[PDB]
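Trainee: If you want the building blocks of each chain, they are given just below.
Protein chains: 2
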Amino acid sequence: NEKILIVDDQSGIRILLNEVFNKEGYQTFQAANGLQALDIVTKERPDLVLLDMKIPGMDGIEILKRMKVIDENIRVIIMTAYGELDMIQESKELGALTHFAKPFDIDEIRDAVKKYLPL
Amino acid sequence: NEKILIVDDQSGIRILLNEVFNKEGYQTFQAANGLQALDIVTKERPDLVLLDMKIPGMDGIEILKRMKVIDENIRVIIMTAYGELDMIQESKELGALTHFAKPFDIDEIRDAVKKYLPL
Ligand SMILES: [Ca+2]
Ligand SMILES: [Ca+2]
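Order-wise, the sequence lines are chains A and A'. A prime marks a further copy of an entry chain.
Going by the authors' numbering, the first residue of the first sequence is number 3, and it counts up by one from there.
Going by the authors' numbering, the first residue of the second sequence is number 3, and it counts up by one from there.
Quick caveat, the hints were computed from the structure, so don't treat them as lab data.
Keep in mind that a hint or two might mislead.
Facing chain A', according to a computed beta carbon distance under 10 angstroms, are these residues of chain A, among others [stated by the list, open to error]: (1) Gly14; (2) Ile17; (3) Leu19; (4) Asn20; (5) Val22; (6) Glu26; (7) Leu40; (8) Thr44; (9) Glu46; (10) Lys104.
From chain A, some residues computed to sit far from chain A' (all C-beta separations above 10 angstroms) [unchecked claim]: (11) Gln12; (12) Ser13; (13) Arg16; (14) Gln38; (15) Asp41; (16) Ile42; (17) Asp49; (18) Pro58.
Ideal Cβ positions, reconstructed from N, Cα and C, are used throughout, including at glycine.
Build the full structure now, drawing on both the sequences and the hints.
Mentor: This is the structure in structure tokens:
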């Protein structure tokens with residue numbers, strides 16, 4: 003029943019993550035930019051978002067703020083590129099659950115969402 | 003002491019894999035195409051190669067044949083895109099150790115190389 007939206011500009015990684023959580027029984031969706039994402043959040047209203055903050059043109063902080071407006075029950079976990087202080091701080095402020103840096107420990111990501119979005 | 007060369011056209015995934023094996027104590031190298039790879043094999047003579055068979059322009063079977071010519075002690079594990087019969091067959095013939103399809107189980111890949119290239 004749980005839905006997870008994976009936002010990432012890179013097919014390879016995005017597709018790998020998707021599988022990790024499909025394999026877990028989660029209804030997963032995928033987005034490559036903040037526009038698509040915003041769209042899916044609107045349409046599907048996922049429980050959690052795995053949001054890549056490094057997307058060209060993309061202001062991840064802004065999309066994070068919008069998701070919430072759209073759906074205030076959505077929880078987000080941001081993916082940093084080797085964690086950046088100010089983004090991590092604004093996100094905590096925005097309500098993000100945690101942050102994971104890439105390259106990631108898939109197992110740790112896994113463990114993390116299961117804990118945050120128990121099936 | 004063990005060296006592993008990761009050949010993959012996609013930075014994201016390639017970089018993630020690299021980390022998995024760096025984290026394991028392996029001296030890792032990276033390539034985005036068969037040319038670079040061939041070069042590194044020549045230069046570094048790695049113990050194992052994780053070879054993405056789906057690289058544009060790239061005949062993975064041919065690069066596999068060349069690696070071996072260059073370095074007959076090199077072992078290869080091919081990454082298929084949802085495993086293809088004839089490629090898997092020629093590779094077995096060429097001496098590949100096994101094949102993994104993407105999206106992969108990183109843990110299983112991990113377990114696999116450790117077993118094939120024990121540290
Ligand atoms: Ca990105
Ligand atoms: Ca590829």
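Trainee: Work down the list of hints and note, for each, if the structure agrees.
Mentor: Outcome of the hint check:
1. Proximity of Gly14 of chain A to chain A' holds as hinted, the smallest CB-CB distance being about 4 angstroms (cut-off 10 angstroms).
2. A cut of 10 angstroms between beta carbons decides the hint on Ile17 of chain A: the least distance to chain A' is about 5 angstroms, and the hint holds.
3. This hint holds: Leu19 of chain A has a C-beta 8 angstroms from the nearest C-beta of chain A', less than the 10 angstroms allowed.
4. At a threshold of 10 angstroms, the smallest CB-CB gap from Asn20 of chain A to chain A' is about 7 angstroms, leaving the interface hint in force.
5. With 10 angstroms as the threshold, the beta carbon of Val22 of chain A comes within range of chain A', its nearest partner Cβ sitting at about 8 angstroms, so the hint holds.
6. Taken as an interface hint, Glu26 of chain A does not check out: its beta carbon lies about 12 angstroms from the nearest beta carbon of chain A', beyond 10 angstroms.
7. The interface hint given for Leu40 of chain A is broken, as the beta carbon of that residue sits about 22 angstroms from the closest beta carbon of chain A', more than 10 angstroms.
8. Using the Cβ-Cβ criterion of 10 angstroms, the hint placing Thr44 of chain A at the interface with chain A' is not satisfied: the shortest such distance is roughly 26 angstroms.
9. The closest approach between the C-beta of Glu46 of chain A and any C-beta of chain A' is roughly 21 angstroms, which is over the 10 angstroms cut-off, so the hint fails.
10. A least Cβ separation of about 7 angstroms between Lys104 of chain A and chain A' falls short of the 10 angstroms threshold, and the interface hint therefore holds.
11. Separation of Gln12 of chain A from chain A' is inadequate, the least Cβ-Cβ distance of about 4 angstroms not exceeding the 10 angstroms criterion.
12. The Cβ of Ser13 of chain A does not lie farther than 10 angstroms from every Cβ of chain A'; its closest approach is about 7 angstroms, which violates its non-interface assignment.
13. Listed as a non-interface residue, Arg16 of chain A fails to keep its Cβ farther than 10 angstroms from every Cβ of chain A'; the least gap is roughly 8 angstroms.
14. The claim that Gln38 of chain A is not at the interface with chain A' holds, since no C-beta of that chain comes within 10 angstroms of its own (minimum 18 angstroms).
15. Separation of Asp41 of chain A from chain A' is adequate, the least Cβ-Cβ distance of about 22 angstroms exceeding the 10 angstroms criterion.
16. Chain A' leaves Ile42 of chain A outside its interface by the beta-carbon criterion, the shortest separation being 20 angstroms against a cut-off of 10 angstroms.
17. The beta carbon of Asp49 of chain A sits about 22 angstroms from the closest Cβ of chain A', which is more than 10 angstroms, so the claim that it is off the interface holds.
18. The Cβ of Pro58 of chain A sits about 14 angstroms from the closest Cβ of chain A', beyond the 10 angstroms cut-off, so the non-interface label holds.
In terms of the numbered hints stated before, the structure departs from hints 6, 7, 8, 9, 11, 12, 13, listed from lowest to highest.
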